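What follows is one chain in C-alpha cells, specifically the form deposited in one PDB entry.
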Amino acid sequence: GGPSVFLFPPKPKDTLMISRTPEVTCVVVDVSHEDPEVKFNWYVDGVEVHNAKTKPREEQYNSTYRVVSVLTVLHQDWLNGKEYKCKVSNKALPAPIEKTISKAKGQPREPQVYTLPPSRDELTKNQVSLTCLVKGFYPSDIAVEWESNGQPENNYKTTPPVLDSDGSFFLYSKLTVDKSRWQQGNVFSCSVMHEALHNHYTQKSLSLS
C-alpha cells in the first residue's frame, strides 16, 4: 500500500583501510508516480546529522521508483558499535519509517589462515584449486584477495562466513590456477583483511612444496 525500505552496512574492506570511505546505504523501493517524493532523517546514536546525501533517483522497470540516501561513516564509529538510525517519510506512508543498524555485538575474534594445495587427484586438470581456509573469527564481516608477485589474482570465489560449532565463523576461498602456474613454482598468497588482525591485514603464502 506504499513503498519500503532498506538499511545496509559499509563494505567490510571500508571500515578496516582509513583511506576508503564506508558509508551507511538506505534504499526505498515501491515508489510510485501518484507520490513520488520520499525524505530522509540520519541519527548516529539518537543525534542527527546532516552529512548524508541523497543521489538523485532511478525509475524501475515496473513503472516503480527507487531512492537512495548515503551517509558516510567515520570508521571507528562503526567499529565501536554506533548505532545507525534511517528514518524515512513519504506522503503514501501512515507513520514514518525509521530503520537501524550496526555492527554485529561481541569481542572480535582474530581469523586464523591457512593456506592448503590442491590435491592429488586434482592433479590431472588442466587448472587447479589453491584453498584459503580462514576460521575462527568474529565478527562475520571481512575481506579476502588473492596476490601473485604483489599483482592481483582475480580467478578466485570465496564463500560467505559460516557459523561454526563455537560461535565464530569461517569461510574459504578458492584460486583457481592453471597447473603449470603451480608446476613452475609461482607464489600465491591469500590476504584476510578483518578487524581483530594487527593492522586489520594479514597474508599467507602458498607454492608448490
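Residue numbers count along the first chain shown, from 1. What changes on going to the form deposited in another entry:
When the change between these two forms is described as the motion of two rigid parts, residue 90 sits in the other part from residue 109.
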Second form
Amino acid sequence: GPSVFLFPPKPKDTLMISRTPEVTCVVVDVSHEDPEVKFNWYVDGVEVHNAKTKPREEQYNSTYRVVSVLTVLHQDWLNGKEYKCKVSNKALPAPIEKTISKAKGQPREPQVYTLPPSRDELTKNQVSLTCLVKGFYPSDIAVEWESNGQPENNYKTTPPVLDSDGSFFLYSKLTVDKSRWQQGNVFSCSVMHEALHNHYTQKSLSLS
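Having looked at the form deposited in one PDB entry, could you now put up the form deposited in another entry?
Lone chain follows.
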C-alpha cells in the first residue's frame, strides 16, 4: 500500500522574507492500477485550498511518487501553526493523515562569540576566523560574514550540534588572506534566529 511522508520547510526559508517556505506531502508506493491521489490540507484544523499539485514520477520499481506542496506563511510557521496533509487513494482502506509543525520548546537566543586565528596558523598563507554560535533553540539558524559593508563568501558553517543542556551550537569558519588579518581589516559574523531581537545580531573580529 501507499505510504505518506511530510516534510518541513528549509530552516533558511523560514528566516528570510524573500524565500518561500513550503511543507511537502509525499506519497510513495502508489500503484499504476489506482494511481490517483487526493490531497487535503489543514492549518490548525481548518482546510486550506492553495496547495500545488506536482506531476507524478514513475520510480524504477514501477510505482509512482506523488507530491503536494503547501506554501506556509512565515509567521504561521514561527507561531507553531500545525499543518496536516490527508491522503486519499483507492488502494487505501481509509485516508492517511500526517501532521507537522515547527520544533516545540521554549526558543532560546544564540550567544555569538568570535575567535581570532590561532598563533600556530600564521605559519600558513590563509587564516581561519571562527564564529562560535551557542545556546540556541530551536536549531533553525543562518550565519554569514561580511566586511566593510560587503559580504564575505569564502566561509563554511557546521551543522547545528546538540549540546548537553538541550540547546544547539555550531561554528562558522571564514577563510581570508592572512595579509587582510595582519592589516587590521574588520570582519563581522552575522546570525539570524527567531529568538534574537529583530531576528538578527552581529559580532565583529579584528586584529589587536
